[PDB]
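**Student:** Residues per chain are reported as follows:
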Amino acid sequence: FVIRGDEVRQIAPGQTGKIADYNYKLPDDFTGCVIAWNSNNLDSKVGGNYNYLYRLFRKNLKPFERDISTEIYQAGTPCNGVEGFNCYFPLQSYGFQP
Amino acid sequence: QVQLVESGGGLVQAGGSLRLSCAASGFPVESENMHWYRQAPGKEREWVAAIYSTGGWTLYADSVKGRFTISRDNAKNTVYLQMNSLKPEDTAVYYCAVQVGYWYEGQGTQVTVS
Amino acid sequence: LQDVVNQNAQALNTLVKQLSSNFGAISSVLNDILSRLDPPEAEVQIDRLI
Numbered sequence: 400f401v402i403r404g405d406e407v408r409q410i411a412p413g414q415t416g417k418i419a420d421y422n423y424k425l426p427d428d429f430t431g432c433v434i435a436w437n438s439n440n441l442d443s444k445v446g447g448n449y450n451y452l453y454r455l456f457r458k460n461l462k463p464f465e466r467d468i469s470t471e472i473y474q475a476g478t479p480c481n482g483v484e485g486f487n488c489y490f491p492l493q494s495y496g497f498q499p
Numbered sequence: 001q002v003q004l005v006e007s008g009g010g011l012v013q014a015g016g017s018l019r020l021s022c023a024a025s026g027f028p029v030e031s032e033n034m035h036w037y038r039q040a041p042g043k044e045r046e047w048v049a050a051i052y053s054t055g056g057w058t059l060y061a062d063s064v065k066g067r068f069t070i071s072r073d074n075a076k077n078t079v080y081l082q083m084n085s086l087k088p089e090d091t092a093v094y095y096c097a098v099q100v101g102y103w104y105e106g107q108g109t110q111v112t113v114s
Numbered sequence: 948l949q950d951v952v953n954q955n956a957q958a959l960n961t962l963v964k965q966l967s968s969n970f971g972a973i974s975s976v977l978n979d980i981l982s983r984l985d986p987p988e989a990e991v992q993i994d995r996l997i
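Chains as they are written, first to last, in the entry's author numbering: chain C, 400 to 458, 460 to 476, 478 to 499; chain F, 1 to 114; chain B, 948 to 997.
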């Protein structure tokens, strides 16, 4: 996958965070590792690169799950699957710039 | 040959309604996630929108809340962008960028506000 | 007999009192530690208490 600068610390077992709870989970007994390299010349473009998305709103994920469904998240009168009050989009873009 | 053709740009008054179009051939459009590319005189080029696969999933920048409406021709892989409630400072030049590998962007089109 | 009974009672009381010792942890109750700390650090504290 592709992440941002401060997101590197969140990609680790036992480390808390919004992204480390709703997008990717590392098991407490994880065996393996992480190789991260800068891609400013490939994933970044003038005007903003927005191809990479991360889940922002979610009610928790167990280790090593994939949640491809991005149904609208209800924060508490329900909007009934329509964008509006008490519900916001679950995905957010990074907006990488040079 | 993979190409881009632009259509719809031109002089317009604030508060209009028209179709903006980027037509490309030689590759499917549901293959990946395209985005749109705006140029105005200033610091750097400024983003507007992009939609994604497995559903529309339209996303807009913070300054464009609930104005652009997009109707989308799946049979013959065509875009349709539709503008609403125009105010001036967005005089710009438009491109539509897609990915099939190599970086690709066409020639764009002119849009002005009077 | 009174000495034997007193020894048993004080041994049980000492065990119960020792049950409420921090042992170098943040707190002597695990519910508060779980409510306050994160999985790994709370696991370390629970291991020390154990």
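Derived by calculation from the structure, the hints in this document are not laboratory data.
Errors might be hidden in some of the hints.
Under the rule of at most 25 Å between Cα atoms (straight-line distance), these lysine-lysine pairs were calculated in the BS3-like manner [stated by the list, open to error]: (1) F:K43 to F:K65; (2) C:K424 to C:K462; (3) C:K424 to C:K458; (4) C:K462 to C:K417; (5) C:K458 to F:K43; (6) F:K76 to C:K444.
If you only want the chain C side, here are some residues facing chain F, beta carbon under 8 Å, derived [unchecked claim]: (7) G447; (8) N450; (9) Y453; (10) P491; (11) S494.
Each residue gets a CB set at the ideal place from its N, CA and C atoms; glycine is no exception.
**Student:** None of the hints should be skipped; say for each whether it holds.
**Tutor:** Hint-by-hint comparison with the structure:
no. : hint             : result
1   : F:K43 to F:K65   : holds, 22 Å
2   : C:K424 to C:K462 : holds, 6 Å
3   : C:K424 to C:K458 : holds, 15 Å
4   : C:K462 to C:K417 : holds, 14 Å
5   : C:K458 to F:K43  : violated, 39 Å
6   : F:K76 to C:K444  : violated, 29 Å
7   : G447             : holds, 4 Å
8   : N450             : holds, 6 Å
9   : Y453             : violated, 12 Å
10  : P491             : violated, 10 Å
11  : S494             : holds, 6 Å
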